[PDB]
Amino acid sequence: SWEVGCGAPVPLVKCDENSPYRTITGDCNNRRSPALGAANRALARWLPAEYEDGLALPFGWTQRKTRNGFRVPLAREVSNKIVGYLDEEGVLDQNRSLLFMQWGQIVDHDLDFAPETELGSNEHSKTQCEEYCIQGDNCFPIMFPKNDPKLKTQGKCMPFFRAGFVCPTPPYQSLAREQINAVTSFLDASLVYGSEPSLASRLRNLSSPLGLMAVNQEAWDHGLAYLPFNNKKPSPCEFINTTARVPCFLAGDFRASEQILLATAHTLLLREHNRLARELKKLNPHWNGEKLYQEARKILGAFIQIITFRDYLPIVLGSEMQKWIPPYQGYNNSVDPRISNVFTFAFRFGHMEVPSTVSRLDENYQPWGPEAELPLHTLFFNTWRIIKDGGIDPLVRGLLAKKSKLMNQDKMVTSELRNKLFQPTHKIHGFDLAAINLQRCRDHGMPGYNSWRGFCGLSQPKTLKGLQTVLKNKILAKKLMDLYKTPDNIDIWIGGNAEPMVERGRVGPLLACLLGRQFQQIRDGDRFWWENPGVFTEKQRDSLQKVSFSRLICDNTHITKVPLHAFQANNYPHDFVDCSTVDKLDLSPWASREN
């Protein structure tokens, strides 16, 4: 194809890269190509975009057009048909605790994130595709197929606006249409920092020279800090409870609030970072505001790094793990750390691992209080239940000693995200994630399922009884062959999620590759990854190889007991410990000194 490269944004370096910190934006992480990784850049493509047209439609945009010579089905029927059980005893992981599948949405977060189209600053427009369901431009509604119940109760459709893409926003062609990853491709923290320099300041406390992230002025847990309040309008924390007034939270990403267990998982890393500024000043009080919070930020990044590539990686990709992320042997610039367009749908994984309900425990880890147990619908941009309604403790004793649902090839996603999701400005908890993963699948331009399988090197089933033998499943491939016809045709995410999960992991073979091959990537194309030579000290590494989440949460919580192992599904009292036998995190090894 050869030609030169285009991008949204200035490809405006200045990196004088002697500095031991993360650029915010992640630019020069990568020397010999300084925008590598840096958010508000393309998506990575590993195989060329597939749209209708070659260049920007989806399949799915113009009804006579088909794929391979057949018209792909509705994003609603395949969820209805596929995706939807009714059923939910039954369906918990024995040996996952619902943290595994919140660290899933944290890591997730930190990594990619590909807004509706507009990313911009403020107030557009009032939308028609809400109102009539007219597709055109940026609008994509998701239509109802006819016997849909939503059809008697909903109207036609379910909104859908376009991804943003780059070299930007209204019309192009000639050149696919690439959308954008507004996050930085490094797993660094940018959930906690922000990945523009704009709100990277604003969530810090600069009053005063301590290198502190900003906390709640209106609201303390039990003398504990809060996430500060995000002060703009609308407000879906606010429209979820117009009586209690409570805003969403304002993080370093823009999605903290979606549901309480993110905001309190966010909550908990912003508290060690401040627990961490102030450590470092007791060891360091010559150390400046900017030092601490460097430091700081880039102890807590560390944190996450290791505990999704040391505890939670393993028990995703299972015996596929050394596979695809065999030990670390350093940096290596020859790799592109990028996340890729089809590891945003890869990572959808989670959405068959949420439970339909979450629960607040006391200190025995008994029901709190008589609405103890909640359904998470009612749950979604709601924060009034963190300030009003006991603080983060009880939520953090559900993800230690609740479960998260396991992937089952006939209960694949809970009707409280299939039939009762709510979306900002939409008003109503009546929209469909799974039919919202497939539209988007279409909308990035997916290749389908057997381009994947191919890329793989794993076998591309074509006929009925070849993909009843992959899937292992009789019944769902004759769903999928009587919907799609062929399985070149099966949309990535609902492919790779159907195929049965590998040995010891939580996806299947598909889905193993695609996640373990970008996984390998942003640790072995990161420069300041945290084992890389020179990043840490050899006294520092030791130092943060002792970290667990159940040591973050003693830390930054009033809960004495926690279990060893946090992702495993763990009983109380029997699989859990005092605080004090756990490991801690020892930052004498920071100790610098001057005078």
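Only the largest set of C-alpha atoms that superpose within 1.5 Å between the two forms is called the rigid core. Numbering follows the first chain given and starts at 1. First, how it differs from the form deposited in another entry.
- Looking at 119, 268, 483, 244 after a core superposition between the two forms, you find that only 119 has a C-alpha shift of 2 Å or more.
- Comparing the forms between the two forms on their rigid core, the Cα displacement of residue 173 reaches 2 Å or more.
- Superposed on the core, the two forms differ at residue 13: its CA moves 2 Å or more between the two forms.
Follow the form deposited in one PDB entry with the form deposited in another entry, if you could.
The text that comes after this line covers the one chain and nothing more.
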């Protein structure tokens, strides 16, 4: 199908071969093929890339070249006609807490990250894209349609820059264009520790051999830690409030501060590392800094994998869980662990679960103050609300007691995301996540909706009547048809999310397939999977099976009432219990004797 060795821009290192620990870059997991699943490599292609020029140019780039005979509708128009809604009332998920959403984003950020192309600082093309909206090279603007209110207010377009790609980065000329995954393909808490040796090192506290992660020195949260501020200026987080002047946090992953709840979750994970690191130190005084670091890191990785596969995915894939992720039979070296390019859009299903407001709660889970409930859009890259206004506990209670947004064919993505998204590079709260997503599909050269329906062994609708049957919706199907002319052209993002949900799940037949396969692969292909014999000991495994996100809260915050099942919708005080009633992680099977 292709060539074989275009394996350039990569920090190439040598494998320790016998190390009990994962590498930070992801290298050396697979023994026959070291770089398989590594970071800064191209995303895997489950299907051949579909470009306008069958190489690099996206569909919609040249205005005269059609896709399958039709012109691809503008991202933002697909957004304005299908993805929008005004009535937030009734849109909540009756059986999923806010956390259900927040975890998806954690999982995702561990697995995949496609950075925009750089070659730009002290540059006029950043301005040639912003001001004039001139399509060229890596500037691929999202134009506003006729009758779009952002025309009167914002301009002619929203800047959008194509994602980075394999061997070079500037122009180029050779084979097809493959995007970069800047993070490791394994569910390994890479969002906590980093995916590069340098970042991973900056994040560490090497002033002490306690194996702790660097914490903030300027601010504390009731004797608890915050993440370290970010060195780099200009800082997006200082921008949103030039009086407060509070930088973004420095975590393992660069999107950390993208929104308060995300930063909250990160903070909880950093805290859990140091907790384990000093609890392990108490059990094993003789261990050195490196040992505490790696052993705690390993436990956090185990922790993440368990919650995801035991608590999170069965309530996403519902009944289709068994069909795609059968019980673990052991490591399989023939499996491709790599994250596929299409997965990075399939997982964007979590976007339709984000609600319009974020709440804080006092100790009685009662509203925290006069402005307890805030609009989502005022929280992107907002750290000053955490540091200068109450800590993470009121936000964490919100995550538990409040609900997620239920995907709804009539009410897909909230306006807080569709109209008022803040981009770290720019100055306005006026971007469209929906347009970006749709534009990015095309940027990445994703095959059509029917290409993926076929890939998954599902019927491929050609007609309006066909589409109505598969989507079980006359109106929706009709709008899609009028925009796309042909079901073969529907972008996978909007197409996959448009299908009704599977029994006891929160995605459709096509999404449950794409997700299902991927998650099956990263597990079966990961040598350091927690259940893989030899990774942990039987007693160690026996201890990890008792972990629960609820406990994580209890041990890392000052909350005392939590639910047992934190992903389902829970009512205070009926479903909440005292932390004393919640099973602990017994770290005793991690004891090591001399003689």
